[PDB]
Amino acid sequence: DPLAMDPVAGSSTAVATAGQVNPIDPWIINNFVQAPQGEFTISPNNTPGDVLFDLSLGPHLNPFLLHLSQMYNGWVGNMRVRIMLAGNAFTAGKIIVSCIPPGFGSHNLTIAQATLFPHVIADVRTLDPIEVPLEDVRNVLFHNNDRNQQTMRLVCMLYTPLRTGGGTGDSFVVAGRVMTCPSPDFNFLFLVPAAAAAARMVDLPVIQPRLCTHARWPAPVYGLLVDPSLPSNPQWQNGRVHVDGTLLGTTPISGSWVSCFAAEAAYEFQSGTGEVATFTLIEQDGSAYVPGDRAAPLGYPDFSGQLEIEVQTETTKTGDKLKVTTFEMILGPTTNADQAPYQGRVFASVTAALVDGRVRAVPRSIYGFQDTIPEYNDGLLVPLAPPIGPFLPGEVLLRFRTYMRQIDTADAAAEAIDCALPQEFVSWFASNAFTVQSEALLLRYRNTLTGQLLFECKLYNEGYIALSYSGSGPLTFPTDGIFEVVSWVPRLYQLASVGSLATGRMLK
Amino acid sequence: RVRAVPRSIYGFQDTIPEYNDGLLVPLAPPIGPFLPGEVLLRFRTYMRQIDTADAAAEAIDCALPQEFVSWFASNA
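So the sequence lines, in the order shown, correspond to chains A and C. For the first sequence, the residue numbers in the entry's author numbering are 29 to 381, 386 to 540. One gets the entry's author numbering by counting positions in the second sequence from 1 and adding 389 to each.
Quick caveat, the hints were computed from the structure, so don't treat them as lab data. Incorrect hints may appear among the rest.
[To be verified] A short, non-exhaustive set of chain C residues, derived as facing chain A with CB atoms under 10 Å:
| # | residue |
| --- | --- |
| 1 | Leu424 |
| 2 | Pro425 |
| 3 | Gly426 |
| 4 | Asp443 |
Quick reminder that beta carbons are idealized off the backbone N, C-alpha and C, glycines included.
Bound conformation, chain A alone:
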């Protein structure tokens, strides 16, 4: 039957107020084309009341009109919608298409209430299309290019439950299509050169944590956790970057650089018993190191304890003869007391407890690890990326974790070391140099295989991730494991925390 509505006027309203009244090509006027929001699906997974689609009047409902939209700044007029359903003889059901006037707002409507608006109902079996006029109910003379305007909408809902019979293959869905064309009342308004204007955003790579490279110790990432009893605001110098691409601290691009160094090596004689190698540091790509605006050469260790390093002749060409020695070097402050990576000079000793000229040192194990920064400049202030933070109340740092070999001395055992982003995300942000638009990004961590959402989190623009968690209590997450953006997100955005995954509930 016809809609319970009176015909709405077109251009006649905005004549004495718009600067121009611009007509459209009559060939568009009645050619039914697939709307940009031209698809939907109904499946037994849907429940009566589910909104299959929600359209709002505007030139954005027709591809042609849309193209013209980029040329004018206003519009007025009525459109015409046509809906199609590709059902079976096995698909029983009914859909409701209702016109919701502007000003009504948003509410949860029961299928019964959906009927109270001018509507059209159709059985999912129909071979023929359904037609519904989308009138331009106006409170104002006309419309401007603004999707913040409240225009009349078309809401399609499942009126009755979809009930497939026969050999019920739940992989069966009814395909729906929406098509439109403008009623001859339609008119664009002011001619504006506005022909082109877009933007961009930030995305993350779909790499699971357990496929990633760790940014502070050169090993795969093995763990993904939060742990309120660890230091909340660590002062990590590696694995630091901002979402905008700004690298901080000693953060290298390559994960092969992480916790490694290069030097010219020699054996001076202060004590005079040549067991101590003196390393004059160079950058690991063989270029000269100059004390600058970071604490040490790129990737130089940003923690303490006693590091066992293996030092080999630098490889320049095939046939370069190689010497390889092991040393222990002390990373922390102690004590009367030499070592200033920042100035370019560190000492290790031949775990006497061979090699010289130019060498490369890689980490072999740690002894007495402590995750605090070494004394980089022998007492003097030094340039440092800032402590990670702040966090809202109840927010804690998301940790990517790997294990160092710690030695002993009658016993080597795994020791945990954490970082704020995997090296792939370090490289990703340094490379994209995204434009940042607000203070943090809302991310979901999801299992893309199973579909399961594990949690939500905040990626602050300064390059660290927060979760809300009250426990006390390291909490560990599956590492397989993809992150997705979001939103932007103000900094006081409240994240969701959690529940006892048990759902059941009783009528009571």
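Here the structure of chain A is known, so what remains is to put chain C in place on it, guided by the hints.
Chain C only, in chain A's frame:
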């Protein structure tokens, strides 16, 4: 009738005294709240603390200088 002015402090602790011997008393509320990551800006001066073989400066803080106290009470 006398006037008493402070000369030094011994065992300072910046917690309020017991003004009403156990009973509830009228009090300005604790300073706050603060957003997460926000902390109080402190105006600081030093009391002479005594000892007893050793007087040494001791820090004591307040939320606004007295001139700003007077300024707001006056401007309303």
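Going through the hints against the structure:
| no. | hint | in the structure |
| --- | --- | --- |
| 1 | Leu424 | holds, 7 Å |
| 2 | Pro425 | holds, 4 Å |
| 3 | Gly426 | holds, 3 Å |
| 4 | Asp443 | violated, 29 Å |
Checked against the numbered hints given earlier, the structure breaks only hint 4 and satisfies all the rest.
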